[PDB]
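Visitor: Residue strings, one per chain:
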Amino acid sequence: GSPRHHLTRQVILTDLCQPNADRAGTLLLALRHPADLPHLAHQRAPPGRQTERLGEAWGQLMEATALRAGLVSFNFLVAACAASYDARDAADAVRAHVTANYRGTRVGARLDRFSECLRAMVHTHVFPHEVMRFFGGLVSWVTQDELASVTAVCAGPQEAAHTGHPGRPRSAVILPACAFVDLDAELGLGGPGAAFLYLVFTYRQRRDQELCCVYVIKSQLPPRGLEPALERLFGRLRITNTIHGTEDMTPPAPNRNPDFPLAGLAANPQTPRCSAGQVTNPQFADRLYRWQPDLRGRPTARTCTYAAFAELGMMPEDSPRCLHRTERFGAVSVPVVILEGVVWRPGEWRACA
Amino acid sequence: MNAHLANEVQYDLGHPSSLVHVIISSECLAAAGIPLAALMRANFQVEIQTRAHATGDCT
Amino acid sequence: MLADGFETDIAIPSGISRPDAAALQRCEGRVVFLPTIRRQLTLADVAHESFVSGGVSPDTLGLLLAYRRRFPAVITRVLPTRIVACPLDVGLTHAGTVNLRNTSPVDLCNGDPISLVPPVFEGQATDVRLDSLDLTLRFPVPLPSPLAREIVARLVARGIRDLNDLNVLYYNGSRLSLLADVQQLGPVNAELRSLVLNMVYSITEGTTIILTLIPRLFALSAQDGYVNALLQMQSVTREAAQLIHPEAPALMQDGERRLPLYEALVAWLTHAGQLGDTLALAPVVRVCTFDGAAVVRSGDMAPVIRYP
Amino acid sequence: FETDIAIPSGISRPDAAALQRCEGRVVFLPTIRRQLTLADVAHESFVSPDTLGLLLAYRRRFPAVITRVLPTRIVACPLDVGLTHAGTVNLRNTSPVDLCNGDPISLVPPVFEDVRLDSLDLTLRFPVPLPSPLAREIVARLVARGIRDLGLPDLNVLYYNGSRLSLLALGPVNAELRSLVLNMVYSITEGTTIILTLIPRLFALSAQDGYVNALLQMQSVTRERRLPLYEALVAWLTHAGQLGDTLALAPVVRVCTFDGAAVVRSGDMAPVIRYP
Amino acid sequence: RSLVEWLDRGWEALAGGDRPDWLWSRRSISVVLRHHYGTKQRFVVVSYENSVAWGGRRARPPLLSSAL
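So the protein lines, in turn, are chains U, Z, F, W and A. Those letters in the first sequence? Residues 103 to 169, 180 to 465, per UniProt numbering, in order. Those letters in the second sequence? Residues 1 to 15, 20 to 45, 54 to 71, per UniProt numbering, in order. Those letters in the third sequence? Residues 1 to 164, 175 to 318, per UniProt numbering, in order. Those letters in the fourth sequence? Residues 6 to 52, 57 to 122, 127 to 163, 172 to 190, 195 to 249, 267 to 318, per UniProt numbering, in order. With the fifth sequence counted from 1, adding 354 to any position gets you UniProt numbering.
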């Protein structure tokens, strides 16, 4: 029996993703059209942050790749955020073949620039989980000058799509070992069961000290019950965002709001009232109680986000099988987590505010 | 107009004192010794302190 | 097949009497909570024996919080040696249609999303007990969603009382009441936190503009028969309008570039509109009757195709 | 699987031409059935309902995309039961929004800008297939407009795919969207007072100093006449839990393009899958 | 509906938004001319109607007084 899946083709500029260096079987993340970025920053930003930062940080990237809703490969995205992982011995190995295998001049000037774009995304508050969209995993490619024809599986099992070379037709999901974080071993779930795969971003909101991390988490938990497991890992980021994410918002000093008196006003029958026609008349509305609530500089929910997840797929096995090998990407040996038999299902993002 | 709006938010939230909204003319800036074309290159951060009478101490 | 369906095999033991073996065959369309997506499980895992916490068998409110940590599955055929189920989170069948069965006293209609509720009602606590194996099978009750948001609200608001009637419902003019019992203090505090977080997070700087519309709603309630039928006889904003005259702050910081009401509504939809999924579990399931009848009576099967 | 919507006889010459134009367009049927009349499809079956009445009705009904159109019957396949079997069904834009690859697409009632058959005496309203991240925006902009009628020029400006949308282009849509505005405001004003009665201090605390330290306690796991308050909790959780479904606009459609352009423009067709 | 209210529906129709720059331009504005001691040139002291600052009709006590 042959299972059913779905292919996509798209003509893609090869500035940010390289289907030649990244071999068949890596993740791909698509963007919005970058004319939308400098205006959403102008509109969704909290008061007192530089809206003129996202339009300048992206402008320094297009002027760095010349020496259009494109595509960012996963191995490019991990090495851009490589200064924020725990296993720094392998995080500087993923960067080691990004600068050395990607076609171009000074690829190492893109990573320090694209990460400056992602730091401008968190700061100008257009979060890239509203911009990075899932696109399928690589099965084949057709090369050309300055662009390529990318074939991918937007939905289905990875191991069903034919590669094209009859010497080695299949492709397994290839991931670097820096992003792949289990929750079976670290929590103690050793029992068999089908496992879900999740894409997870993490932020950290400070003044010019902001981060990015991209993870692929394998778990036996539903998407309805991931938020207690993300909080246990990333609760350090949750605390640092509620007190330091609210900065240059001007607070009311000292407080102006009194306590809310409706429990005391409604108990006393001597308090003055109004009818349905008497209200919204100034002769009768001034006799009531005056109440001027002040919500300014409060740490709102969107200014306290620490992570964001989405569905990515599952492994319908009883015992899902991972591997830890060191594949050679050209001349650089890289710690690689190899996933076996991934059935792709995209889903919508979900902030962990 | 925006420069008067974005200042009273700073004064409403307490940053007892008063506040006087002032329009400087262009020629008052010219005789003060600044180049007018340098400002043309829409809010703009300006540092302001207040000094006392015959004391020396200042905000 | 792997994608479209997923069949589990809940194994039946050796020693089972026929008064016990003839009770399982009446359990054809039910809802079964698997803990995993294993393909071979036993009845000691499905039953209420595996449901207990450390020593404490929880009440109807803690019975909610260990549903959504599990996987709902529907029995599709009861064989003598095993029970075959299909977990709803993976996929339905090749055809994508699995027959359920009403345990409610409430009829279903077309396109209603189904959320499942514990056996909360009186005259409803029907636990199929197997005497030779000492197994009870507490089957949940498939209800329509606008009932399932009432009952969770009736149970969560009841525990807030006892930290210092309600149990009478009405649906389509049929009176029905739910059982009253003392609640364990543990899972009640897990519900109050999920309220106040998703409640306080829905408050934004822009909400002080919406609060100035409370005298506009109340003055409109004397003219429109829609707003009079909206507010309530026992609402808060009717008593908030007769006593409090709110007014907005004049200016906003960086009030040129941002939209105060737009940030207030999106923050309300993602936190307080999301709240019905944070107390109970998700309505995975909705009814699509094809040719039989638009109304499915109690005790009758109903075809089902998945809902987002 | 494919349904058949039979056209009743008495078709004039422009009326066969108008049904010929709706090739790749979304149709709501009541129940999945082989024999189905056209009068259950049309706008007469919806009675006129407002925008809230359509959002309720677009969840009880089952959407279907038209295939080829025969001169006697309309052959449509539903998006729930008939699309997992077949591969890919084409879908036409009625939107001003260009579709990109990989978008999840929900549906919106026709707020922006009506194929009417005169011989049959019925109208036809068709939904607008725009992507779901805009669907939680375009609804949220327009509800935010109606609150101001009880604006700002950036509120009518939407940039998607480098293209400018103008929500203004105002009169009848304001009265069309009124029952949303009366339910969106009420569920917040009831919401932010019951919190404010249970925990009455939340506005009196200092913003960045006391209110944060009272927020960290709410976030941590280890820390454990009469106002009709507790009957207003239940009153609010069923109404706010009702608007959570209707204004979710959960995605039906995901576009995966194969042998074609990455951007599907206005008026063109886009390939559609809903299953792996 | 006073004449101030009918002005507000002119700007919200011809332009299409509130624009809180333009809210205060429709209300009372006192425009007082002064002179600078350092450079002899003029500058303008402005007070609004909806302004918490000095000269505004919504001001907070105590006010400025030239007693010294």
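Any given hint could be a false lead.
In silico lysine to any residue, SDA-like type, Cα no more than 20 Å apart, as pairs [as the list claims (entries may be wrong)]:
| id | chain 1 | residue 1 | chain 2 | residue 2 |
| --- | --- | --- | --- | --- |
| 1 | A | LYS394 | Z | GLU8 |
| 2 | A | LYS394 | Z | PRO39 |
| 3 | A | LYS394 | Z | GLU31 |
| 4 | A | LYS394 | Z | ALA3 |
| 5 | A | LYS394 | Z | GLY68 |
Derived by calculation from the structure, the hints in this document are not laboratory data.
Visitor: If a hint holds in the structure, say so; if it does not, say that too.
Guide: These are the hints, each one checked on the structure:
no. : hint               : in the structure
1   : A:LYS394 - Z:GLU8  : 28 Å, violated
2   : A:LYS394 - Z:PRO39 : 18 Å, holds
3   : A:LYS394 - Z:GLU31 : 10 Å, holds
4   : A:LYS394 - Z:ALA3  : 24 Å, violated
5   : A:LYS394 - Z:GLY68 : 26 Å, violated
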